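Engineer: Here's the letter readout for the chains.
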Amino acid sequence: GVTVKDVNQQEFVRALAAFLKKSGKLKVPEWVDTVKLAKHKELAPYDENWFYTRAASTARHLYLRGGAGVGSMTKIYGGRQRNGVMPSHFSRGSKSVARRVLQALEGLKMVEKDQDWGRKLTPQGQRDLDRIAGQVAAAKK
Amino acid sequence: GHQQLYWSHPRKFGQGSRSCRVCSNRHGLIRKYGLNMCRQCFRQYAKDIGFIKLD
Amino acid sequence: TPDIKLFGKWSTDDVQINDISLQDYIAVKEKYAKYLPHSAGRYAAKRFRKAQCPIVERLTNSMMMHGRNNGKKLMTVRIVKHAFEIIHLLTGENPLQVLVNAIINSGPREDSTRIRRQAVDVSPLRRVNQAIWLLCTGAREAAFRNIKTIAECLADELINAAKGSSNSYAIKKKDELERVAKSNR
Amino acid sequence: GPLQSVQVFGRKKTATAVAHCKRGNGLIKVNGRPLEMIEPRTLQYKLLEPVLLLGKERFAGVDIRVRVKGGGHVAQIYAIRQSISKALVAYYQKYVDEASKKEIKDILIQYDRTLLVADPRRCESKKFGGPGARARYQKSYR
Amino acid sequence: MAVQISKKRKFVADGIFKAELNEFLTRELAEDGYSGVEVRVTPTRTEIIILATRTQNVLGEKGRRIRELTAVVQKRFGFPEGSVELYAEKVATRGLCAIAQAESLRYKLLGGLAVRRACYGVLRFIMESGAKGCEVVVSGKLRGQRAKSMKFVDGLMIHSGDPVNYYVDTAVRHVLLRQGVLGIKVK
Amino acid sequence: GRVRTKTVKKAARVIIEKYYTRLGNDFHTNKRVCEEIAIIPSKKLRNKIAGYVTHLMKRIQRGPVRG
Amino acid sequence: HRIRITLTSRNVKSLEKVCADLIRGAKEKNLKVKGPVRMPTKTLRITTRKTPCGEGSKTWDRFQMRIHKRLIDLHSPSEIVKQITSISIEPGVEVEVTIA
Amino acid sequence: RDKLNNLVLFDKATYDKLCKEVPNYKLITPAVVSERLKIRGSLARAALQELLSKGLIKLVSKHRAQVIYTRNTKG
RNA sequence: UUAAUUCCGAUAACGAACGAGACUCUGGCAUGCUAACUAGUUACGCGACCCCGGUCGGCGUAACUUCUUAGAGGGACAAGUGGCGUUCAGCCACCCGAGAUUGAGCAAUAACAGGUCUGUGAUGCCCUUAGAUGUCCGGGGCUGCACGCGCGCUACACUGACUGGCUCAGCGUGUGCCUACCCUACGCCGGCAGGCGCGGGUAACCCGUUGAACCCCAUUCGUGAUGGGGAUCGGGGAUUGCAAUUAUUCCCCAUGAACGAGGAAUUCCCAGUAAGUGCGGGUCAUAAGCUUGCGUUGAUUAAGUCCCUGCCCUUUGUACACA
Ligand SMILES: [Zn+2]
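These protein sequences, in sequence, are chains S, L, W, Y, V, B, G and Z.
Our numbering applies: residue 24 is where the first sequence begins, and numbers increase by one.
Our numbering applies: residue 126 is where the second sequence begins, and numbers increase by one.
Our numbering applies: residue 1214 is where the third sequence begins, and numbers increase by one.
Our numbering applies: residue 102 is where the fourth sequence begins, and numbers increase by one.
Our numbering applies: residue 5 is where the fifth sequence begins, and numbers increase by one.
Our numbering applies: residue 62 is where the sixth sequence begins, and numbers increase by one.
Our numbering applies: residue 161 is where the seventh sequence begins, and numbers increase by one.
Our numbering applies: residue 246 is where the eighth sequence begins, and numbers increase by one.
Incorrect hints may appear among the rest.
Using 27 Å as the maximum straight-line C-alpha spacing, the simulated DSSO-like pairs for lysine-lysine come out as follows [stated by the list, open to error]:
| hint | chain 1 | residue 1 | chain 2 | residue 2 |
| --- | --- | --- | --- | --- |
| 1 | L | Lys178 | B | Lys105 |
| 2 | G | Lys202 | V | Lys12 |
| 3 | V | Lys22 | L | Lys157 |
| 4 | S | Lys164 | Y | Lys147 |
| 5 | V | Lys12 | G | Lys229 |
| 6 | L | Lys172 | V | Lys189 |
| 7 | Z | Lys271 | W | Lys1361 |
| 8 | S | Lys28 | Y | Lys170 |
| 9 | V | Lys191 | L | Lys178 |
| 10 | L | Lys178 | G | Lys242 |
| 11 | V | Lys22 | L | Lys172 |
| 12 | W | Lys1222 | Y | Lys147 |
| 13 | Y | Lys130 | W | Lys1218 |
| 14 | V | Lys14 | G | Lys242 |
| 15 | B | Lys70 | B | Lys92 |
| 16 | Z | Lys319 | W | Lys1376 |
| 17 | L | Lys137 | V | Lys191 |
| 18 | L | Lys172 | G | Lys242 |
| 19 | Y | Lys147 | S | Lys163 |
| 20 | S | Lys143 | Y | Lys170 |
| 21 | L | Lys178 | G | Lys218 |
| 22 | V | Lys22 | G | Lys229 |
Pair ranges (Cβ atoms, derived) [to be verified]:
| hint | chain 1 | residue 1 | chain 2 | residue 2 | range |
| --- | --- | --- | --- | --- | --- |
| 23 | G | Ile240 | S | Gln147 | 53 to 59 Å |
| 24 | L | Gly159 | V | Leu55 | 26 to 32 Å |
| 25 | L | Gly159 | Y | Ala234 | 32 to 38 Å |
| 26 | W | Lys1376 | Y | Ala234 | 42 to 48 Å |
| 27 | Y | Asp198 | G | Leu191 | 46 to 52 Å |
| 28 | S | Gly130 | Y | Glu225 | 53 to 59 Å |
Think of the hints as simulated: they come from the structure by calculation, not from any bench.
Cβ atoms here follow ideal geometry from the backbone N, Cα and C, with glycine treated the same way.
With these hints in hand, go ahead and build the complete structure from the sequences.
Structural biologist: Encoded structure:
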């Protein structure tokens, strides 16, 4: 068999986003079209279905490193805070959009809440991760 | 009386709250590790505290 | 296999150097046969340690100048890797042989200086370094406010240097400096 | 057979790695992944330089587990490149005979020293009164 | 400590405590032949030893000033009754001691004595006691308006190096006249 | 500028003139002999003195030494 | 029974002598003792000015300060350990006895 | 002073030239294609995706910024 | 001869020290010694998954110091070979070897009409001394503007502009002495700003196993003072202190100029160096265009000299004399 670490993570997130588009029950609001991701970013994201990419990334990050809250999600969503003529710094991501991603993934039956915070991944979802890893392996082979 | 105007401005922030304990000057105050001591007297009695210039 | 080493898709063989002077300074043959020219450093200790550095690594390192390009070695290796593809599709022959012929053609021997002006010859290592600096400066001057990329400009400069029709920047500055040195002697 | 455990560290910079050798089938892994998804893809052949020179016969019995911490990315590449090379030299040194180890070592000596011996190149500390270590500020005249 | 403060601030507070405990006794016992104090910390007993030259002058009358200094330490810094104790010990080899000769010379030059003869007498006394080298730098004004830096250096005297900080013994004193303030650097 | 100093030159000639018998051309031989007969505080000074002793032994094996 | 005695000191050789004396005393008093667990030191850099007035060239000081930490693990009743800690104290090493 | 009138969309003569001459030239690089056809970079990339969907070009080394394509092979 | 009055040598000179050399802290390596449940490694067994075997920073306990941390010592010395030089002091190339130059501190004699009374209850003299040149409250000013310079920051783009995906650090810091002021973890409310109660730590435990920037990969643009630049300006929403306008500070929208690689002149530096690009500490009711350390990527040229600007000795007329 294969594993998601042997699977390259560039096409794995796109295949999992295609799987979540095949599912299509992950609570997409209407303010996603008008929202900006964070204050260090300038404009809106280009692709319209950019909730499912964040959901796929949150799924693989909770699969690899479980037990994470708001700060571990805002750490990966960061960049250069270009204020202007002032020298730039680092800024954290938004909290509410990651909280809505966690609420959508908790409403979907693939995770389970853990003590002292965090959403671990259930053995039912581990089978699904292994099957989609086999699907990406069969697609690349 | 004058005691009403004496305790009128609060001293709850910055150099109005804390000052040097030797020269009582509002210049060169280190708030780190609770020193509250000017840099000239710090360089003077720097060896008696335990600091030394090795490198 | 250790019998043959393919630099991307190019072996060590089919490299003929005509000039015996530049072949002693260029030490890419028989020792520095690599797959990628990436390295850490320490090629500037001895006076003649700089000649032991391979010319592909020199072409890699000499591109990054003028502040904003510092720290783009991973960029410029891929740029030169595309530049080999641009050269080979138009030329047909070996791009390594094209580059060796360009180094043979672009050598400024004599140059005057203010010490009257004393017109004297320079070192062959100085000729190689001057040729590399002139080709990188010409590529950086050509690729500015233009859609044409770094690999395309560097490929056009190497093809014009291999042709030798006063079109390349290094060939033009070589002919200009030899004209000035022939004038003031 | 018995567990042929060889643990060799590789240190060139802040990025460090520990290579663990074993008998059995040939599957080289770095924390449970092969060398095929390395970003960037430009340095794909850099870790295959010790692979292509020795051949597929030498890596048949050798499987290496690598743990990596610290540094950057290309520093981690040079760290694992030095660590698996020194672990492979120790593996051919300690268990099997010395003639094959010398035959493998004669290839690694002629090619590069970075595979075997590290250089003491670290970051020099910043000096006071300048933007960096060597450079100073601009002197204000008049 | 019961509230358990940080050990990073604990050594800083203890250094301030030792600095104030040194400075107060240096300012107070200076007329009675003060050299220094030595402390070995024991639980429930703060045993301090004032290593003093004149043991008769520091007691006053059956240790009255010592019992006053115990009350000073008890009231100012805050200690229970019986937590601190003082012991007086005589300073040995005071000829090579630089601060002991400086405090002896300061009151003599303040009251009245010859300028050159006192310096040559102290120099001859310490060279008879067995001092390797000496340095006397007297700054300030001398019987006039313009200042004049004196110098009396003879013998072996190293300046640079790392072990010199515990080789030599440096003393800085400031005499205060009614006209000016002069400085003496004994080494 | 690796010049042997006067503290090395005043010591090494006296050491060779006293213990001329217990010497050798090898560095590790007289490096441990100087540890026995002399009290050198530091390893760098010990190695400089031992290297100058081996250089004086090479001067002896070449010819006569004036000093 | 699990005793974690923490020894804090600025000096190195005095702390080494004290912990070696405690280990050699445990060997004489015949009790189970672990080795010296060497915790890493701490550094405190202070950069100040030399001149009181703001004239001339800008100077920068370099004041260094170090502190260490050792610990000795024990499996013994406290009546034996108090007799050991009562003997041979010095003002350099500070002892913190913890029984958990 | 100087302003190159780069075209936004295709024309009849430019479409006939893209159908005829582009399989005849050896090197197909988007900067040179835009310089010859006097077109914008977006349309120059979109014509390359049209040729990739048609199937008369050969992929040598693709990338986000700088693509490299050729004509149909000879041998 | 060298960074050196560092040594051979000439000898009316011999014999010493100061500065340097010498000495301390740090780095390059010692699979040889001692140690680790507030650092781990290798396996045993359980649980989950794929089709006899693999994966797990999911859990309990058997060996060990191979990683980390640090008490003790070592090696590196021109020691070996070949050339230059009185063949003396010494210098250069090469094999082998973690290194054939890591950086810093201390830094001789002598002097300035150099600064500091605006750091000092270090201080002389004069003045003030009650309607006070002392002490206290509410504001203003310290920012202010036809002009000239000093120290810094960001752009003038295609090497770039926008959006996601992927992948790493070590300095640090932190529960109170009057005194309130500390790090934040997690589930929520909201577009951001911000808010509600809540668990851990007196620290290799808690933040944290610091998913930092550049980077690489995949979409949108194409020579347009432009999507670069946000200088300039308006409206609304929040935190801090009793109290912010001349904008304390933060968030959203709108406004889109100068700037087309720079004249005379000029500053710094020579290998993990400049440079690109970040993060901690101090300044901190609010606090980084300041300063210092800690990181990542990583070049061109050079192994010479007094022609130019200074500093240090020399022979000698002496318009250079408490000089
Ligand atoms: Zn002061």
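Engineer: A separate judgement is required for each hint: does it hold in the structure or not?
Structural biologist: Here is what the structure says about each hint:
no.	hint	verdict
1	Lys178/L with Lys105/B	holds, 24 Å
2	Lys202/G with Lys12/V	holds, 10 Å
3	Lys22/V with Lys157/L	holds, 19 Å
4	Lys164/S with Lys147/Y	holds, 25 Å
5	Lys12/V with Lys229/G	holds, 13 Å
6	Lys172/L with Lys189/V	holds, 18 Å
7	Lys271/Z with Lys1361/W	holds, 18 Å
8	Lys28/S with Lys170/Y	holds, 18 Å
9	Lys191/V with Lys178/L	holds, 21 Å
10	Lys178/L with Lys242/G	violated, 39 Å
11	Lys22/V with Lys172/L	holds, 11 Å
12	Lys1222/W with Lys147/Y	holds, 15 Å
13	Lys130/Y with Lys1218/W	holds, 25 Å
14	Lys14/V with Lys242/G	holds, 25 Å
15	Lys70/B with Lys92/B	holds, 16 Å
16	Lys319/Z with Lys1376/W	holds, 26 Å
17	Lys137/L with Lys191/V	violated, 48 Å
18	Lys172/L with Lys242/G	violated, 35 Å
19	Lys147/Y with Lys163/S	holds, 24 Å
20	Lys143/S with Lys170/Y	holds, 25 Å
21	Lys178/L with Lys218/G	holds, 18 Å
22	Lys22/V with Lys229/G	holds, 22 Å
23	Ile240/G with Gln147/S: 53 to 59 Å	holds, 56 Å
24	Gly159/L with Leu55/V: 26 to 32 Å	holds, 31 Å
25	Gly159/L with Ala234/Y: 32 to 38 Å	holds, 34 Å
26	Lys1376/W with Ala234/Y: 42 to 48 Å	holds, 46 Å
27	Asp198/Y with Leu191/G: 46 to 52 Å	holds, 50 Å
28	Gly130/S with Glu225/Y: 53 to 59 Å	holds, 55 Å
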